[PDB]
Every structure is written in C-alpha cells, then in structure tokens.
Amino acid sequence: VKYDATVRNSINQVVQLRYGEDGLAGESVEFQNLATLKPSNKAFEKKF
Amino acid sequence: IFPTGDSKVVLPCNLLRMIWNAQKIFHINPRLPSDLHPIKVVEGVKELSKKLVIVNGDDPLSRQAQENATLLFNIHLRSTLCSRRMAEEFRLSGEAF
Amino acid sequence: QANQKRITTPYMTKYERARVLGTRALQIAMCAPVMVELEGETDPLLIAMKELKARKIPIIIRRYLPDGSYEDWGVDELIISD
Amino acid sequence: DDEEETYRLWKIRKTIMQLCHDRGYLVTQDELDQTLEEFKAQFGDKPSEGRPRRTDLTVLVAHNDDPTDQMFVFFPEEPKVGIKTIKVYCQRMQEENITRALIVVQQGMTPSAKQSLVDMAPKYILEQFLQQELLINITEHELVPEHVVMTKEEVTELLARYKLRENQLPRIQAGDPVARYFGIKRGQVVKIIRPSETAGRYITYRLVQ
Amino acid sequence: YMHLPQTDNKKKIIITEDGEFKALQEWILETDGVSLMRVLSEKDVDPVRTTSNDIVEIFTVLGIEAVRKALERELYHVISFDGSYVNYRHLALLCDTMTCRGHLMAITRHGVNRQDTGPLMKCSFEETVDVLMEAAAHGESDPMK
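Residue numbers (the numbering used here), protein chains in the order written: chain B, 1 to 48; chain X, 1 to 97; chain E, 1 to 82; chain D, 1 to 209; chain H, 1 to 145.
FYI, nobody ran anything at the bench for these hints, they're computed from the structure.
Check the hints yourself; a few may be wrong.
With a straight-line Cα cutoff of 25 angstroms, these simulated DSS-like cross-link-like pairs (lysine-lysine) come out [said to hold, decoys possible]:
| hint | chain 1 | residue 1 | chain 2 | residue 2 |
| --- | --- | --- | --- | --- |
| 1 | E | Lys-14 | H | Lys-145 |
| 2 | B | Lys-47 | X | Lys-24 |
| 3 | H | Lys-12 | B | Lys-42 |
| 4 | E | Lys-14 | X | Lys-51 |
| 5 | E | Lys-14 | B | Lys-2 |
| 6 | H | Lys-10 | B | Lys-38 |
| 7 | H | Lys-10 | X | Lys-8 |
| 8 | E | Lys-5 | B | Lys-2 |
| 9 | H | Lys-43 | D | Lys-14 |
| 10 | D | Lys-191 | B | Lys-2 |
| 11 | X | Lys-8 | H | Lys-11 |
| 12 | H | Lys-43 | D | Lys-11 |
| 13 | H | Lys-145 | B | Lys-2 |
| 14 | E | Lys-5 | X | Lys-51 |
| 15 | B | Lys-46 | H | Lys-22 |
| 16 | H | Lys-12 | B | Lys-38 |
| 17 | H | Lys-145 | D | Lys-40 |
| 18 | X | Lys-51 | B | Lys-46 |
Work out the full structure, taking the sequences as your base and the hints as a guide.
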C-alpha cells in the first residue's frame with residue numbers, strides 16, 4: 001500500500017484502488033449483523 | 001448487493017458493543033425516558049459520516065469513490081443508529097451519544 | 001510543496017512510529033541533546049518513548065508519494081495512534 | 001426446423017438491440033421488447049424460403065448526440081463469409097456514407113477474410129460476431145458486472161485525480177467478450193461497477209490494449 | 001445429475017410481496033465437463049445465475065470480470081469448505097492481481113516471469129539463470145523498486 005492508500009505493484013501498477021475495496025486493515029474488523037436485510041417490509045416499517 | 005440473505009458481514013467497529021458500553025458506562029436506566037432529541041441523532045450521524053474519510057478530495061470523482069468505499073459502513077451505521085431504535089431499545093442520552 | 005495542497009492520512013502509522021522511535025533513540029545512544037526533562041532513567045528507548053508521548057521529536061518525515069513527488073511531514077502535527 | 005431458427009433469430013435480434021441500447025443508440029422501446037409472436041408478425045414468419053431470407057433483418061440506428069455514425073448491422077446468408085461478400089458489404093458503405101457496421105457470422109470465416117477485416121481501414125471500422133454468441137446477453141449474467149465506457153475528458157480527469165499514467169492502470173484484452181460486445185477501440189478506459197461484500201459497491205478501472 | 005439442493009447457496013432466493021426472503025427449492029443440474037457457451041444458448045436455461053468450475057472457458061465466453069468473480073467464489077468455496085474462515089481482503093487481492101494484466105495470470109514459472117517488472121526479482125523465483133541470460137541478451141534495465 002503506497003502513501004496514496006492505493007495498492008500498487010513493484011513497478012507501480014494499480015491492483016486495488018483501496019485495500020480490500022474499502023481501505024481498511026483487517027486486524028480490527030469484526031463480525032457484525034446488519035439486521036436490515038432479513039426483516040420483511042412490514043417488520044422494517046414497524047421497527048424503523 | 002446482498003442475495004441469499006447472508007446477513008453476516010464484516011465491518012470495522014462493532015456498533016452494538018459500543019452502544020452497550022455507552023449504556024453501562026454512564027449508568028443510564030432503560031426504564032426511565034431519556035433526554036435525546038431525534039435530530040440530535042440525525043445530524044450527529046450526518047456530521048459524523050462526513051468525517052470518515054477514505055478517498056479524501058473535493059472533486060466529484062473522489063467524492064463518489066469515498067461514498068462507494070464508505071457505503072457499507074454508512075448503510076449499516078444509519079440502520080443501527082436510527083432514531084426509533086435509539087428511542088426504544090438503546091435509550092441513550094445526549095452526552096452518551 | 002507549500003503548506004497548502006498537502007494530502008496524506010494524518011494518522012502517523014506504526015511503521016514510521018517504529019522508525020522514528022529507533023532513529024531518535026540511537027541519537028541519544030550517540031549523545032545527542034534530549035528534548036524533554038527526564039527523571040532518573042537511562043534507557044534511550046524509555047526516554048524516546050516518553051518524548052514521543054510528549055510530541056517533541058526534532059525530526060521530520062519525508063513521505064514518498066507513488067507519483068514521485070515527495071511530501072514532508074513533521075512529528076508535531078502528526079497525531080499518535082495510541 | 002423453422003421454429004428453432006425463428007427462436008434463434010429472435011434471440012439474436014433481441015441481443016443486437018440490447019447491444020445497441022447498452023452502447024447507447026436510438027432504439028425504440030417496443031423494438032427492444034419484441035416477443036416471438038411479434039417477430040413472427042412483423043419481420044415475416046417461417047425461414048428457409050419464407051418471408052425471412054436473412055436479408056431484411058438488418059438494423060440501422062444512430063447515436064443520441066448526433067445522428068451520423070449509423071451502424072448497419074449485417075446478416076450473411078452463407079455459413080462462411082468468403083472475401084467477395086466482404087467486398088460487396090464494404091461497397092455498400094460509401095453509397096450510404098456510413099462508418100460503423102457489424103457482421104454476424106453464422107458458423108465461421110476464412111483466415112484471409114479475418115486478415116482483410118483486421119487490416120481493412122481506420123475509417124471503415126468493422127466488427128465480427130458469431131451467430132451463437134448472440135443467443136445470450138453478457139451483461140445480463142450475474143458474474144459480469146456493469147461496464148461503462150468513458151469519454152476522453154473523463155479519462156484525463158481520472159488521470160489528473162489519481163496522478164496515474166496510462167500504463168499504470170489495470171488492463172483488459174481487446175479480445176475480451178465484453179470489450180467486443182461494447183465495440184471499443186484500443187486506448188479507451190471502461191468503468192466497471194461491481195458489488196462487494198466488504199464495501200458495498202466498488203469501482204474498478206480498466207484500460208484496453 | 002438431478003438433485004434438489006439443501007444448502008442455501010444453490011437454492012432459489014427471491015424477494016416476495018411482503019419483502020421477506022423465502023427459500024425456494026428448484027431443480028438444478030450438475031454436469032461433467034464444461035460446455036457453457038452452448039449451454040446458455042439452449043432453450044429453457046437461465047442465462048443469469050449459471051456458473052462453472054473451469055476458468056479458461058469462462059474467460060473465453062464471458063470476460064475477465066466474470067473470471068474475477070468466479071475465481072473469488074471458487075477460492076472461497078475451496079477454503080471455507082471445512083469450516084476454516086479467511087478474510088475477504090486477501091482473496092480480493094489475489095483475484096485482482098491474477099486478472100490485472102488483461103489475461104489469466106497463472107501463479108507459476110510461466111505466468112509471473114512474463115511481466116515488465118525487474119529481472120532481478122524475476123530471477124529470485126525459478127528459471128533463474130535463463131531469465132538473467134534473457135536480461136543480459138536484451139539489455140533491459142531494472143528500475144530497482
């Protein structure tokens with residue numbers, strides 16, 4: 001990762017625009033739940 | 001974006017854990033009503049999300065790239081930090097927010 | 001470059017943290033002046049870490065952009081991740 | 001028989017209209033949404049010496065910004081295109097004074113025909129497609145994401161934004177089916193918008209060569 | 001082969017009128033050998049969700065972005081079969097870097113050695129005297145990066 005936060009090769013060829021398509025390191029990332037995809041339309045309207 | 005109902009997804013910082021920490025650090029009572037106006041939550045989320053920078057720039061190309069990179073965390077952030085969820089199950093206060 | 005038009009993540013990462021904490025501590029090891037008051041410790045690593053906490057490190061970091069143009073950052077405007 | 005041939009020609013025409021709309025051209029909405037009954041109704045019924053003769057199924061369609069480019073897609077009747085067919089097809093160009101056109105090859109074509117098409121002209125741009133290639137839409141597939149072709153000013157704005165050169169961008173072959181589908185010359189840059197399960201939506205830049 | 005799938009990966013998942021995801025069991029077909037180019041052209045198959053295992057044929061039919069996505073799915077399937085999980089970032093990196101040259105980069109002596117990179121990094125991995133002799137004969141320069 002160069003200092004422009006772009007993943008580049010040895011001869012400066014772009015592989016990823018950002019690390020992991022988002023620019024975030026993998027040490028701190030956690031397993032989470034969206035809780036928006038799974039509820040139905042009635043449940044979504046009731047809860048939000 | 002997500003088919004097959006795969007709700008499990010990796011995000012940087014675990015929102016429910018920090019909400020629970022804010023509950024159990026400031027000793028708030030979920031039984032009593034809280035003092036937190038909904039637009040404080042609204043523009044708190046809006047003013048927060050402008051300071052999560054990945055693609056830093058001002059031109060619309062970098063703005064679109066930053067929105068694309070931040071989109072999943074933003075779309076989870078607005079869902080978790082909604083006004084109704086806060087008013088019902090989290091019951092956080094102003095300085096807690 | 002000038003003061004304006006200066007873009008890089010302002011969080012001083014762990015690699016340059018280790019590099020600065022090594023170089024300045026070796027400068028104590030080669031009897032350089034110490035930028036902070038110290039209270040009875042002799043390890044250059046400990047005093048270098050203490051003055052990195054104090055943010056009084058007298059070197060600057062020249063960061064190589066992949067385009068080729070350099071970009072100079074000091075220590076006192078970079079903020080510690082810890 | 002006639003039924004399978006009508007289905008094949010209907011699918012090929014629908015994919016050709018989808019190609020023209022994805023490239024962006026004056027395609028009418030009901031022309032893109034044509035059923036099999038409508039195709040049997042308006043461009044003839046049964047093939048093999050019926051009203052479809054693989055000649056009247058050609059399409060002429062112009063660009064949104066300026067109606068001059070005007071592809072005239074072809075449909076050769078022979079299983080193979082031997083050079084005299086290409087000669088009469090390119091003689092039909094200057095009578096209508098058009099630049100772009102396409103050929104839908106049924107089975108295959110000669111090495112000498114391929115040679116003549118590749119070294120034809122930079123003023124007579126001609127593309128090659130197989131018949132069975134047009135029974136499916138590549139962009140309609142789940143695996144293939146959306147491709148958007150930029151203009152040159154967007155490319156130089158991108159290169160000014162990220163301080164990159166043309167070599168440093170990721171590359172995609174000119175023989176790639178998507179690049180052939182969009183009909184793009186070398187040196188252009190396509191915008192690819194794929195979804196990701198760690199960032200939601202990703203934008204990927206490719207430069208053809 | 002004909003079998004109704006039980007794992008939710010190969011099962012039909014659509015949205016409904018109430019907005020709830022519903023598991024629909026639909027007939028699927030698994031074959032031996034790859035002939036995808038004529039398979040999607042045939043009557044009554046779905047031209048959207050049909051995939052395969054081979055990489056060269058899916059390169060020749062769809063495109064390198066389909067190679068990217070299919071290579072992602074196949075590597076994720078072969079790693080996460082036994083229950084061991086690995087982060088997506090490394091998979092995305094490897095799948096981009098084997099598709100960033102316009103063709104299938106094979107991670108073998110014949111694939112990585114054919115770049116415009118430095119010859120000295122080339123000679124650190126296989127055919128070491130041959131690529132150094134190539135660099136000496138062509139006189140190509142190493143930009144030392």
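Structure-based check of all given hints:
1. As the CA atoms of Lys-14 (chain E) and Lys-145 (chain H) are separated by approximately 22 angstroms, the hinted pair is consistent with the 25 angstroms bound.
2. Distance hint between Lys-47 (chain B) and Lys-24 (chain X) is fulfilled; the C-alpha atoms sit about 24 angstroms from each other, no more than 25 angstroms.
3. With a C-alpha separation of about 22 angstroms, the suggested pair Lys-12 (chain H) and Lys-42 (chain B) falls inside the 25 angstroms cut-off, and the hint holds.
4. Among the hinted pairs, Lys-14 (chain E) with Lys-51 (chain X) is consistent with the structure: their alpha-carbon atoms are about 22 angstroms apart, no more than 25 angstroms.
5. For the given pair, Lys-14 (chain E) sits about 14 angstroms from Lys-2 (chain B) by alpha-carbon distance, which is consistent with the 25 angstroms threshold.
6. For the proposed pair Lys-10 (chain H) and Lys-38 (chain B), the alpha carbon gap of about 18 angstroms is at most 25 angstroms, so the pair holds.
7. Taking the CA atoms of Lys-10 (chain H) and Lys-8 (chain X), the gap is near 18 angstroms; set against the 25 angstroms cutoff, the hint holds.
8. Pair hint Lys-5 (chain E) plus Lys-2 (chain B) holds up; C-alpha atoms about 18 angstroms apart against a cutoff of 25 angstroms.
9. Distance restraint check for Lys-43 (chain H) and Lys-14 (chain D): the Cα-Cα separation of roughly 15 angstroms lies within the 25 angstroms cut-off, and the hinted pair is therefore satisfied.
10. With a C-alpha separation of about 23 angstroms, the suggested pair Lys-191 (chain D) and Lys-2 (chain B) falls inside the 25 angstroms cut-off, and the hint holds.
11. A hinted pair counts as satisfied when its Cα atoms are at most 25 angstroms apart, and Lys-8 (chain X) with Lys-11 (chain H) qualifies at roughly 18 angstroms.
12. Annotation: proposed proximity of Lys-43 (chain H) to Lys-11 (chain D) holds, straight-line Cα distance about 11 angstroms (limit 25 angstroms).
13. For a cut-off of 25 angstroms, the pair hint linking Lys-145 (chain H) to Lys-2 (chain B) stands: about 13 angstroms separates their Cα positions.
14. Restraint check: the Cα-Cα separation between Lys-5 (chain E) and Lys-51 (chain X) comes to about 19 angstroms, which is no more than 25 angstroms; the hinted pair holds.
15. About 20 angstroms separates the Cα atoms of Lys-46 (chain B) and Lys-22 (chain H), which keeps this hinted pair within 25 angstroms; it holds.
16. Among the hinted pairs, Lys-12 (chain H) with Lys-38 (chain B) is consistent with the structure: their alpha-carbon atoms are about 16 angstroms apart, no more than 25 angstroms.
17. Distance check on the hinted pair: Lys-145 (chain H) and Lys-40 (chain D) sit about 64 angstroms apart at the alpha-carbon level, beyond 25 angstroms; violated.
18. The straight-line distance between the Cα atoms of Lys-51 (chain X) and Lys-46 (chain B) is roughly 31 angstroms, outside the 25 angstroms bound, and the hint therefore fails.
This entry does not satisfy hints 17 and 18, going by the numbered hints stated previously.
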